[PDB]
Each structure stands twice: as structure tokens, then as C-alpha cells.
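There is one chain below, alone, in C-alpha cells, taken in the form deposited in one PDB entry.
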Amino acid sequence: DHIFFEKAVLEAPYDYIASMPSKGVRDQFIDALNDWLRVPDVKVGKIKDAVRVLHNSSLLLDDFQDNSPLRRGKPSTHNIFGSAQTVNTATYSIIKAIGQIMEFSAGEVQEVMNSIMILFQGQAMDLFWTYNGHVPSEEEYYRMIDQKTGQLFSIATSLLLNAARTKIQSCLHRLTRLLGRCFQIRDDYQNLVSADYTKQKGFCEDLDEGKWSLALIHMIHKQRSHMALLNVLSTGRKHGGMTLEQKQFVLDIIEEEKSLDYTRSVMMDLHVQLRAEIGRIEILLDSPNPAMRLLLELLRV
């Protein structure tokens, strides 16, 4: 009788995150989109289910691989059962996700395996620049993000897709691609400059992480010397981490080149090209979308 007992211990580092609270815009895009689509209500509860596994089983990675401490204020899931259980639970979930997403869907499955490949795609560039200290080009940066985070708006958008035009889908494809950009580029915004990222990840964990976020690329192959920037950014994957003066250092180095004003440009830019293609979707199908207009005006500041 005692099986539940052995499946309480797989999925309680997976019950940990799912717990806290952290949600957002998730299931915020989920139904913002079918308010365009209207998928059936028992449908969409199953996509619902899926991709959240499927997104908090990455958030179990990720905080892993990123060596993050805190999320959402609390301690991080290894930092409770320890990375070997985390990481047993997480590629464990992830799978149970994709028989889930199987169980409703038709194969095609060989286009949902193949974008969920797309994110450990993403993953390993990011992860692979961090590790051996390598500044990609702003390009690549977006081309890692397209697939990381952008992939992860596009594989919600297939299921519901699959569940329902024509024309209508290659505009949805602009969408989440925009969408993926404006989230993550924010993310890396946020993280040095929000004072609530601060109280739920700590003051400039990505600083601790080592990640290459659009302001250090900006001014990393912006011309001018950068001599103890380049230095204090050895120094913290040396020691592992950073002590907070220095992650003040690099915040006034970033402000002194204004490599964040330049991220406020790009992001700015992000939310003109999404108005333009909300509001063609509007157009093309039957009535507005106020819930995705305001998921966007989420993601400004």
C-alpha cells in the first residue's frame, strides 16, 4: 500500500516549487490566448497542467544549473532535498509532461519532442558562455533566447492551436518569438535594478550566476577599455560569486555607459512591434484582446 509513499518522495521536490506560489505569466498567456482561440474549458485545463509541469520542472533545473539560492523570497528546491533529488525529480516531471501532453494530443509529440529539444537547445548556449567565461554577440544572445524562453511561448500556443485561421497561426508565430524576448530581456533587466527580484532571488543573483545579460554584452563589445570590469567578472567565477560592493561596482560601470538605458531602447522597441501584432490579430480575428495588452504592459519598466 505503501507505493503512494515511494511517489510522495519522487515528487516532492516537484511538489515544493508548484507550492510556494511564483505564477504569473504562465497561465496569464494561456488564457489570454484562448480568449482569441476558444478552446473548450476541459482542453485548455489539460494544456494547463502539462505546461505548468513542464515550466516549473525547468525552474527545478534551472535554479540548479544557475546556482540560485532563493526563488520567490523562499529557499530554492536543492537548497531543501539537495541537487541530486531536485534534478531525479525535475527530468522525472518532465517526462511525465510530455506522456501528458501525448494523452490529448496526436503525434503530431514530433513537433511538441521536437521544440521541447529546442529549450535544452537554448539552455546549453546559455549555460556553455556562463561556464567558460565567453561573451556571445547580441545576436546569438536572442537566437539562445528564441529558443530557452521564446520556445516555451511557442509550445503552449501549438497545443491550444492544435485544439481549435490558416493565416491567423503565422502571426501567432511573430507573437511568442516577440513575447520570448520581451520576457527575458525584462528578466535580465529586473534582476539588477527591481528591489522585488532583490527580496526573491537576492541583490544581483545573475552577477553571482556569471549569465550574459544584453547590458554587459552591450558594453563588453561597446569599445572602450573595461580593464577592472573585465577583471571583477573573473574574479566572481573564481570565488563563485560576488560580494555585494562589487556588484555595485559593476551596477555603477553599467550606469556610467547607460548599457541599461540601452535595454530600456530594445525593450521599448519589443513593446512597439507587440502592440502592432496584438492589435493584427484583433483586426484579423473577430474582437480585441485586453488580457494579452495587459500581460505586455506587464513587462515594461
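Just so we're on the same page, rigid core means the largest C-alpha set that superposes within 1.5 Å between forms. Numbering follows the first chain given and starts at 1. First, how it differs from the form deposited in another entry.
- When both forms sit on the same rigid core, the CA shifts between the two forms reach 2 angstroms or more only at 72 out of 143, 72, 174, 96.
- Relative to the superposed rigid core, the position of the CA of residue 242 differs between the two forms by 2 Å or more.
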Second form
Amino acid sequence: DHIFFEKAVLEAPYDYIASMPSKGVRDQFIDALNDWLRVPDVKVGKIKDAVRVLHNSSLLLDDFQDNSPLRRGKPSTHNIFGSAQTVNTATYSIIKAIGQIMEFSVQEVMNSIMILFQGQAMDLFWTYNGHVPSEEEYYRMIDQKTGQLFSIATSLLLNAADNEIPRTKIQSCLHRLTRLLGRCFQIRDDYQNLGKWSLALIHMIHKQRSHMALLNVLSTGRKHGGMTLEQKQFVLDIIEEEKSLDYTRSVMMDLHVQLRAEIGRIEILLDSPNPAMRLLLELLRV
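Same protein, different form: I have the form deposited in one PDB entry, so give me the form deposited in another entry.
All you get below is the one chain by itself.
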């Protein structure tokens, strides 16, 4: 009656970003995963819906301060509803997502979600206090979020997997695959400007030599809550001349080698070749 109006208020900021183009690597991963596990279409639908809400809510919490517009006539959610409403809808949406998950123990599910916020905590902490994460810390952070969200999807699918697949023989390789895939996806994605960092930027800072100019723009942007368009150009130009993108390409090639090995290992564990998964891996390049 009047409660439908209240719900419409509560979910208005969510419905806003939920209409944006997703560029669904995650759903393509779940589809590829299900070519092995063969979970009923009805179930993977709910699992997709669950992790999407989880992913969308992550974005709302991430971009609740963002002022830059999303599309042509679509401002940031913050520029429609303000920070407070955005944050409140986001927190509610996560809890609703967890409630939806509880249909497919309790403490285990809660812990899996909470790891995501452990990851975000480190990312936020480092950003706010001006720490450039080492490559090792960068990876651990990715594992606790982008990799973790991927892991949640994998676990839910394994739980609802067809009765003719051996879950215990496969759970091992499946999560090693998931962790490496999320890392590969995140590294690839952070590369597609040149997240807040990149493998190139991180390596350049920590590897060798003085780039006083670079240290100082980052501090400048940090003081201003981000860098301008010119400053970003400047940082890209430094990275391009130091040949630091070549390091990223080296790591990714090795990452594909590790991942192609994991897939074949699983393809042999089951009697199922997975071109879809190998296809997805091949499209996460350079």
C-alpha cells in the first residue's frame, strides 16, 4: 500500500546503476564454470542475480563520492541521490543479497562476504594514507575482493552441482583456478586505462629508480581526491617511456600458462573439455 512506496525509495539508488551496461566477464565465467558443473538453469540464475547485487552494491559503496558522470545523460549515483542515500541503499542491498544466498552453513556464508570488506579496507587504507601497495600486497588485495567474489560464485555453483560430478576431487583445482582467474581479470582491467592502481605503476615505483615527478603528482592527486586529466596523462607518459607495460605483459603471459594448466587438469579430472573457459582466458590479454 504505502509500503510499496517506501521500498521504492529504498531501492531507487540501486535501480539506477543496475541499468548500466555490466560488461559481464563474471557471468561469462559462471557460464563457463557451469559447462563443467551443469547446475540447473534456474539455480545459476539466482546465483548470478546474487553476485550481481553483491557487485552492484560494491560499486555504490565505492563510488558514493564520485562526481564524474557515467554515461551521456547519466550522472554518478552520488550526483542524483547524494552520498547518504547511496550508502544506505548499498548497505541494505548487501544484506538482502545475503538473505537471498541463504536459500542455496550460516557462518561460512557470512565469512565469505566479510572477506570482501577486509580487502576493501586495505585498499581504502592504502589510498587514504598514501601507501603504494607492493606487487605481493596488490595480489593479496585482489584475492580478497575480485578473486573473492569469483570464489563465492564458484562455491555456490559447486554446492548445487549435478550429482554425476565429483565435487571433492575438483574443489581443489577449481578454487586455485578461480583465484588465478580473478587476479588475471583484475590485472587486465587495471591495465585498461593506460581499480585505483595498475601492475605497471606498482612495479615502476618499487623496482628501481627515482622518478621524483611521479611521486609528487600522486601526492598532489591524493591531496585533491584524485588527479586531473593532465596529471593522468603525465603518469601514463612516464610509464610508457620506462617500458613498464612490458612487465605486465610478462606476468600475464605466465598467468595464462598457469591457468591453461589448471583448466586442462580439470578437463581431465572430468571427461569434459571446456573451450568456453579457455575462450574467456584468451580474451583477458595484454
